[PDB]
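> Take a look at the letters that make up each chain.
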Amino acid sequence: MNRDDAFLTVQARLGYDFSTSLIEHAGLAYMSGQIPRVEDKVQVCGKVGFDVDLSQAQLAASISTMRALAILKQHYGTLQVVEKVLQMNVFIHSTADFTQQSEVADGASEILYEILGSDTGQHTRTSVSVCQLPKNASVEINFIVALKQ
Amino acid sequence: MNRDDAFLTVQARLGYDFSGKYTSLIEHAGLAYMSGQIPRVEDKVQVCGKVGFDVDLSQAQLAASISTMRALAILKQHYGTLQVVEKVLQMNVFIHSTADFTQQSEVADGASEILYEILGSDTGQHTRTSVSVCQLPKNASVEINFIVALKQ
Amino acid sequence: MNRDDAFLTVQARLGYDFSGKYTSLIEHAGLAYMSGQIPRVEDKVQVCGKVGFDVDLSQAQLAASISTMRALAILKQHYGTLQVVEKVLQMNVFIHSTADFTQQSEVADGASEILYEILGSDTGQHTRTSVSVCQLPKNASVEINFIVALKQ
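Chains as they are written, first to last, in the authors' numbering: chain B, 1 to 19, 29 to 158; chain C, 1 to 20, 27 to 158; chain A, 1 to 20, 27 to 158.
Chain B on its own, in the form it takes in the complex:
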């Protein structure tokens, strides 16, 4: 399966309709932080490790990533424009005893590998816990993406 069809499959599996947010400069796309919202309605709200568990937090990370990918696909028409996801910053709304930030971020990284593949899905990342996020969201993720020239 190619990148755009794989995207469609992940979108159907999650059960959401995903189809300034992004600025392009010098072959790079800078993307605003994305919370797990669709239309407006924030989809996974709460504090990870208290009222949100690890599985749900990974889901939230997946949704934020799919939103970013949808924004790219809408702006450029196809995910074939992605050369590399250079950087992914994951901010997790959690308790002060939660230590599984890597596993939560794996929920986003897996989406990248599933849609972009072994090589193009490679990315650097940072994962930290914050004490709150916009509209009580549980995860927020931003990206810098290299675009194919």
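If you're looking for bench data, these hints aren't it; they were derived computationally from the structure. Treat the hints loosely; a few may be bogus.
[Stated by the list, open to error] With a straight-line cut-off of 35 Å between C-alpha atoms, the simulated DSBU-like cross-links for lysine-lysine are:
#  : chain 1 : residue 1 : chain 2 : residue 2
1  : A       : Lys56     : C       : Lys50
2  : A       : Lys56     : A       : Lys144
3  : A       : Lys144    : B       : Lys56
4  : C       : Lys56     : A       : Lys82
5  : B       : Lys56     : A       : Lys27
6  : C       : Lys82     : A       : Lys157
7  : C       : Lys82     : C       : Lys144
8  : A       : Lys82     : B       : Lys157
9  : C       : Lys144    : B       : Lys144
10 : B       : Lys157    : C       : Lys157
11 : A       : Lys144    : B       : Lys144
12 : B       : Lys56     : A       : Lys50
13 : B       : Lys50     : A       : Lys27
14 : B       : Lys144    : A       : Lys56
15 : C       : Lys27     : A       : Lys56
16 : A       : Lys56     : B       : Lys56
17 : A       : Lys144    : C       : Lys144
18 : A       : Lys50     : C       : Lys144
19 : A       : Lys157    : C       : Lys56
20 : C       : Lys144    : B       : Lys56
21 : B       : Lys144    : A       : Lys27
22 : A       : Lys56     : C       : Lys144
23 : C       : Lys82     : C       : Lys50
24 : B       : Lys157    : C       : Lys56
25 : C       : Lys27     : A       : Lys82
26 : C       : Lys27     : A       : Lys144
27 : A       : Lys27     : B       : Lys82
28 : B       : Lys82     : A       : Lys157
29 : B       : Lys50     : A       : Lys144
30 : B       : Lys144    : B       : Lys82
31 : C       : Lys27     : A       : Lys50
32 : B       : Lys144    : C       : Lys50
33 : B       : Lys157    : A       : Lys157
34 : C       : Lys56     : B       : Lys56
35 : A       : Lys56     : B       : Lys157
36 : A       : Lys157    : C       : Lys27
37 : A       : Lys27     : A       : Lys50
38 : C       : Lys82     : C       : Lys56
39 : C       : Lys157    : A       : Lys144
Fit chains C and A to the supplied structure of chain B, relying on the hints for placement.
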């Protein structure tokens, strides 16, 4: 048109003078990377405390405005004029808040609005991220960093 | 004499051996993006805990130093030598701390000093952001990421 006079006007409206182990700004390949700015002006961090506890939404928006004006003053000092700005590529807003504060977007609007008023809706467009942190240098309420594309 | 010798000297001074699903470093257009580094060396996240509670300022500075040395070791492994570094464009420092900790700048100085000691006051110049977070992977006390310009 006249971004520098607009900057001076915001400085007058806010009532602070901005024309007063790391580096504030580094340029590479036509981009200026800027260090995180807390609201320090005329010495003294201006709006200290925890948003949603001893700092309210309006004061937090002011704090965001001050951090942004600080960044613009640094740009004006390095490049002589805000006409050097092609685009604010990225603005990261870190808000020192309580665990029930969910209006991070409204706090960040205090910075974004300054960018739009001074630079215009075109050169003022920017991506942004706004998250709550549990503390900041010198008990500051907001800290903001930037990546700015430069003209020519 | 050069930066690699300085790295070995600082490594001896610190007393850890650094030569021993994401990617640590990706290069694009002459920039190396680096993942956030917690103070992991000799298969132990070193230090760990909440700064201002069970980690004091000195230990947090050591943690910041270890994360920085890790980043430098990754660059040296990828490129064979630290002579490829032109500038550390950006260093973001996230500190696991209490809600009363306000010395984030002093913690980040532990990283900045490593950069200056190994790379020099010129190549070691960097912009920086330092904020407190409420937790980190594996209960770590500091996590640091980097954007580094390469000489070309």
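> Given the hinted pair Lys56/B and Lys50/A, is their alpha-carbon gap at most 35 Å?
Between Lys56/B and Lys50/A the Cα gap is close to 28 Å, so the pair holds against 35 Å.
> Under the criterion that the straight-line Cα-Cα distance not exceed 35 Å, is the pair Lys144/A, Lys56/B satisfied?
holds, 18 Å
> With a cut-off of 35 Å on the C-alpha distance, tell me whether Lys82/C and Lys50/C pass.
holds, 21 Å
> Is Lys82/A within 35 Å of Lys157/B, Cα to Cα?
Status holds; Cα separation ~28 Å.
> Given the hinted pair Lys144/B and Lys56/A, is their alpha-carbon gap at most 35 Å?
holds, 27 Å
> Please verify whether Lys144/A and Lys144/C have alpha carbons no more than 35 Å apart.
holds, 27 Å
> Is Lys27/C close enough to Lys50/A, meaning Cα to Cα at most 35 Å?
holds, 28 Å
> Does the alpha-carbon distance linking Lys144/B and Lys50/C stay inside the 35 Å limit?
holds, 31 Å
> Please verify whether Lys144/C and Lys144/B have alpha carbons no more than 35 Å apart.
holds, 27 Å
> Within 35 Å, alpha carbon to alpha carbon, are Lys157/A and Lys27/C?
Status holds; Cα separation ~23 Å.
> Keeping to a limit of 35 Å between CA atoms, is the pair of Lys144/C and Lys56/B held or broken?
holds, 27 Å
> Given the hinted pair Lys144/B and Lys82/B, is their Cα-Cα distance within 35 Å?
holds, 26 Å
This entry does not satisfy hints 4, 19, 24, 35, 39, going by the numbered hints stated previously.
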